[PDB]
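As structure tokens, one chain now follows by itself in the form solved without 2-phosphoglyceric acid (2PG).
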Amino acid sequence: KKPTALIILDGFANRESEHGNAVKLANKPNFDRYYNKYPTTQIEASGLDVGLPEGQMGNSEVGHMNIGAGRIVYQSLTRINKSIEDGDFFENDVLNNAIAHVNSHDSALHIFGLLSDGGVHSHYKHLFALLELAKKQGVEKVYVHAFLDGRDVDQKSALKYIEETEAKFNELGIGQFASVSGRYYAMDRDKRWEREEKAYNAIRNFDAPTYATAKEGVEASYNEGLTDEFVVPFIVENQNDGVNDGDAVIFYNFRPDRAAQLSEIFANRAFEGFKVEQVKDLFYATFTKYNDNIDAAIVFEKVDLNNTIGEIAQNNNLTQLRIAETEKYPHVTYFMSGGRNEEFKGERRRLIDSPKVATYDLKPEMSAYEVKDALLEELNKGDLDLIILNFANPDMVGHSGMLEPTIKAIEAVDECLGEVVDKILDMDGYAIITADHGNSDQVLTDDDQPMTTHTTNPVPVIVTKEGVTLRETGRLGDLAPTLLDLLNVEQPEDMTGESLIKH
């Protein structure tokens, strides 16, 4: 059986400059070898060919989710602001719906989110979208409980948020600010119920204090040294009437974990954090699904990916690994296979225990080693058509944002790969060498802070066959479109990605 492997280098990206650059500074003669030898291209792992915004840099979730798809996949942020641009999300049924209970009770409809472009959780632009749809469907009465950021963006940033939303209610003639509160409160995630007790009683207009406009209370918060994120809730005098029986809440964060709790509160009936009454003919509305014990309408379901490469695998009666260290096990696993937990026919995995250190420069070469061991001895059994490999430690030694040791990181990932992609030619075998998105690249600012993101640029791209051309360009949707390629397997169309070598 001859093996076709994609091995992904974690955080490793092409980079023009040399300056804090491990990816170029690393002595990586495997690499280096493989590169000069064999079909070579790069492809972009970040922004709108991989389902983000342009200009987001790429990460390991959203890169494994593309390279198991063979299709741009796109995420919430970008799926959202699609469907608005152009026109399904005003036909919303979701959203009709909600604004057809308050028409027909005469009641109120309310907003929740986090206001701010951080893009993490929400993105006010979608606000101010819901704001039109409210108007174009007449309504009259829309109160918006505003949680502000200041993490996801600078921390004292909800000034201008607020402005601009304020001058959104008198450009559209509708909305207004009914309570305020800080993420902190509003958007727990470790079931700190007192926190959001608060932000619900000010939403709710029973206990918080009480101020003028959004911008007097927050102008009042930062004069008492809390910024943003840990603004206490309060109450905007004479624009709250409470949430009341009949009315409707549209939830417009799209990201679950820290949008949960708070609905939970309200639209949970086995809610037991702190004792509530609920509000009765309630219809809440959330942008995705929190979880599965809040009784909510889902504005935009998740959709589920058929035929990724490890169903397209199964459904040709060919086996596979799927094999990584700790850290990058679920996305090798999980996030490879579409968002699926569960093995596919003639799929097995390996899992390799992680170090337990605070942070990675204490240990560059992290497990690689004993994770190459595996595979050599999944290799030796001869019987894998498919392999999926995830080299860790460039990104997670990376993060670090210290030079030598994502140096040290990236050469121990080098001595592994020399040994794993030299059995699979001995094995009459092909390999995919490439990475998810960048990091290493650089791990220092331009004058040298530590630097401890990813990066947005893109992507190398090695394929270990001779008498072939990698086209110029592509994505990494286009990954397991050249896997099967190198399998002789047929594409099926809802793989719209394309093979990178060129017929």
Given for the second form:
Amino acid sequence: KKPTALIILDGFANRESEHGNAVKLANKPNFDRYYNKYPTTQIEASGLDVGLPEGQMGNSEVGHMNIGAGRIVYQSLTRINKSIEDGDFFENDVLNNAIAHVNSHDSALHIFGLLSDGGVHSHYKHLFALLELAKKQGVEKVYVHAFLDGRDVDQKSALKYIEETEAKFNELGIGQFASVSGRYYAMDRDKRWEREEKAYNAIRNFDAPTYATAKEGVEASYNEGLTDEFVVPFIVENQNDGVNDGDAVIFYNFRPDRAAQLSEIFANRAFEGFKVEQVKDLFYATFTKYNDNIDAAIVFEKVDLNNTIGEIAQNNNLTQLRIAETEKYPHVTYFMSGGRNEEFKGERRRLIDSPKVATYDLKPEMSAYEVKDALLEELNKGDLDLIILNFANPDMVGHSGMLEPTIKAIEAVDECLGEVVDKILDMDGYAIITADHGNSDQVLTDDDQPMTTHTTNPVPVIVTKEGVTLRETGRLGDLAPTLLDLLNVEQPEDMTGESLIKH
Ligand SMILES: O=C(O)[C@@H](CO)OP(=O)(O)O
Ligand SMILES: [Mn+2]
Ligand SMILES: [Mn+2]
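What about the form deposited with 2-phosphoglyceric acid (2PG) bound, after the form solved without 2-phosphoglyceric acid (2PG)?
Complete assembly follows, chain above in first position.
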């Protein structure tokens, strides 16, 4: 059986500067030999090309999702931005029902969310769209419950977002701040119910300090040395009439982990973290589904992904292996399969344990040799059509911000890559060698401090098939179409990426 493999060098991209660039400073004789001999191009793994905002660096979860899907998979922020841009947002059934509940009861609309442009849990421009929709639908009383950031944006920036929102309320003639809470209190994720109870109490006008304005309470916090994240929940005098029977809530956070808890206080009947009398006839809407114990209407429902690469393999009676060490094992399984844990028919998996160290600069080779030897063992069975392999090292070591260890990591990977790819070519197969976003290409700021993040740099592609020419750019959603091309399997319509091999 002739194998085709996708080899993902996690966090390994193309960057012109050599300064702090472990990719260029490493000795990688195997990669270079394949690169110089075989067809090559580079593809985008950041921003709009992988369903993120312009300028946002890629990541492993988003990367491997796009890779397995063979299409652009839009993440929540971009999905919601586009819904607002094209107008579908203003017609959303769930938001209009929430509003119809408030209008018909002559009650109040509350809005909860992280008030910043951090873009990890929320975006405050989504609040402004809610305000415009509420105003378009004639809603009379809108209360905004601000949760302050300081963590996905500068640690003391809350005043700027508050000011711009105040000017929004004025411009639209609608809405007011009713309570203000640091994300420490309103967006805890460790079951610290005592912290949540303070934010709940301020939201519900039950028990909290009061200030005349949102600015005033924030400045007071700052004066006591307490920054945005840790602002103690407070009520805005004369601007909070409680959460009462018949009201609605719209929570605009789209990231589940830190919104779930507050949402259980209000809309999980079974909640017992502390004693509550829950609001009766409360229409509770969440921008995404935060968990299964919240009785909520879901504004943006999860979209299941049909015909990922694994499903197409199954449906052509192919066999496949997913293989990586711990740190990227969910990526080559769950995320690769479009957010699905169940194995496809014909799918087998190999998990290799990562070393247990706090940071991987302490063992740059990680478990890459064990991964390679597991893969050799699988290939020697001769029964694999498709292999999806990830070498974790360049990402996981590069996160250390240390250049020599990150070089050593790439070098170990290069030794493994040689053994793997030579075996595949030995078996008359094909490898696509590539990455899911950058990181290791830059481990030092330009002034020589540690840099510990992913990059927005494009990623290399090597396809080990002779006499062929690759397209000059593309995106991660083109990799799976390239695998099907190599396997001579038909590509279905809902895979909208395009093979990198020119025809
Ligand atoms: O703590 C969180 O909520 C985010 C930062 O907003 O960090 P991470 O994605 O690492 O959990
Ligand atoms: Mn990655
Ligand atoms: Mn990473």
